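Okay, here we've got a single chain as structure tokens, the form solved without the partner chain, with questions on binding and movement later.
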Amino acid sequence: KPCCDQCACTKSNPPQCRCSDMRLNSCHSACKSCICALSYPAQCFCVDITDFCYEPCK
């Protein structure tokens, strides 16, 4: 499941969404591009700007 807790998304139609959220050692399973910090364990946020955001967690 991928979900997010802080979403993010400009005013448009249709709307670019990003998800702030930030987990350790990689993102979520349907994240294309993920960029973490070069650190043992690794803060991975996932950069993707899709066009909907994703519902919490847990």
The other form holds:
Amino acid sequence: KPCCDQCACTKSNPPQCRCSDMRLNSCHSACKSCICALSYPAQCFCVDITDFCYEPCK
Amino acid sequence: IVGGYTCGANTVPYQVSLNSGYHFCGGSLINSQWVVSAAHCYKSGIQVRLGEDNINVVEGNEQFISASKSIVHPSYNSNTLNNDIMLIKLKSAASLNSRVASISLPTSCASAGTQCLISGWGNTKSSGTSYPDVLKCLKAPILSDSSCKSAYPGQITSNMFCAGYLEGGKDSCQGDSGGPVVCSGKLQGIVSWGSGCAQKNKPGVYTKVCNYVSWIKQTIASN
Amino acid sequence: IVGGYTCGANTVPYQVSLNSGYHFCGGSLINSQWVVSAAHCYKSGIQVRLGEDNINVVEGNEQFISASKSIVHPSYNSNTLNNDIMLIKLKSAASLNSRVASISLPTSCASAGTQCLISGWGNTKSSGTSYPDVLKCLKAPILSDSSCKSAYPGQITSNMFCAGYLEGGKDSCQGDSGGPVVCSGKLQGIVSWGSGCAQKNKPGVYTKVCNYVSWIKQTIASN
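For comparison with the form solved without the partner chain, produce the structure of the form deposited with the partner chain bound.
Full complex below, order starting with the chain above.
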């Protein structure tokens, strides 16, 4: 579930943050914009923008 | 391939299956010793399977050759998937014949509206999971750039194009990556990425091959 | 600004504060009627605050003017933040003077290693939160593209550059967006984005202004 190492944010008040993490098979059940590759196994990225990102993973 | 048809055995003789204990991606035979796949398909210890139809049954037209080297495009960007192309050299030369042939590389870019052929052993469901054992085909057109960009705002580069149906229902899917997009007897695209499969307003995104011919040619000559 | 110093009142006369009931971004006065900010700073019902020092106290050098129109760059991509630039026209002309002046636009791109001045009312902590009420300054150099790309692989475009310190400790931060990056008396950058603030190997990313001069000039002439 939602967590986020690589996170990118604009320097606005507040910031619009996104996650640049590339997950496998799917994207969070906390993601609105999930894009994946057509291989097996798929590589996906959640491009949603948020006034913050999530915390590390592992 | 979602909403496609069964190609028929050896109807797509340039189609290859990439195996690593199982099929994980597609590719295209461009000559007797080199295959072109997707850069995101990179992995080590790959075996190339030619002349395949039912990937779970030895039907006797197959040639199984190990890769001797793989070269991912110098500017592949795994974050945006720009320059999603890779070259694989076979350990030994394939024996070309009726069911096992290479595909010609483009000499120019194909235009919007052109009808292409897409094939793969990928998922057969937009929702759900069902993998075919035999090769599936799809006929689909190249969408205009403006249509492509409206679908995936902020993500389409010049080295990408969309093919397929805005209404959805027909598309490439997981397991199809690396495979061919063929138009007018030339390799124009490589199955790359998308948002789900066969979704409304979410067509498939492909590697624009025409933009790589030179690097291909040069690379092959020096290795 | 993290690890910077207090500019001193009206030492950066082209600096503006964008207000919408509170300061949310910076900008730069380029002439008497137009300010340049970050496209991600777009919002409606904006008031521009000039001659400011302590944004919480009226010290008597200020001019408060409403925007009459805002124009975000035609190709701003909010996903990658490419073309992060926007133009704002003032309701009425500012009165230029000692504490309230415009900044010259570049005639060429600045080179790596060049020392620039960055200013803002942004967060003062890499970890934590502490907003200054007075304008903060920072001196920092332009990092090489190759350094920029090593830091943020797959994300830097040609319309971006990194400035700052790979060791971290000094950087722009939240609340600084839209503000100026000034080198050799020219506006070369616009505070844009980053990964945290003042983090090791995570310098700041800026809009490469030099690539927009023409659009600026033309836009201003027609509105």
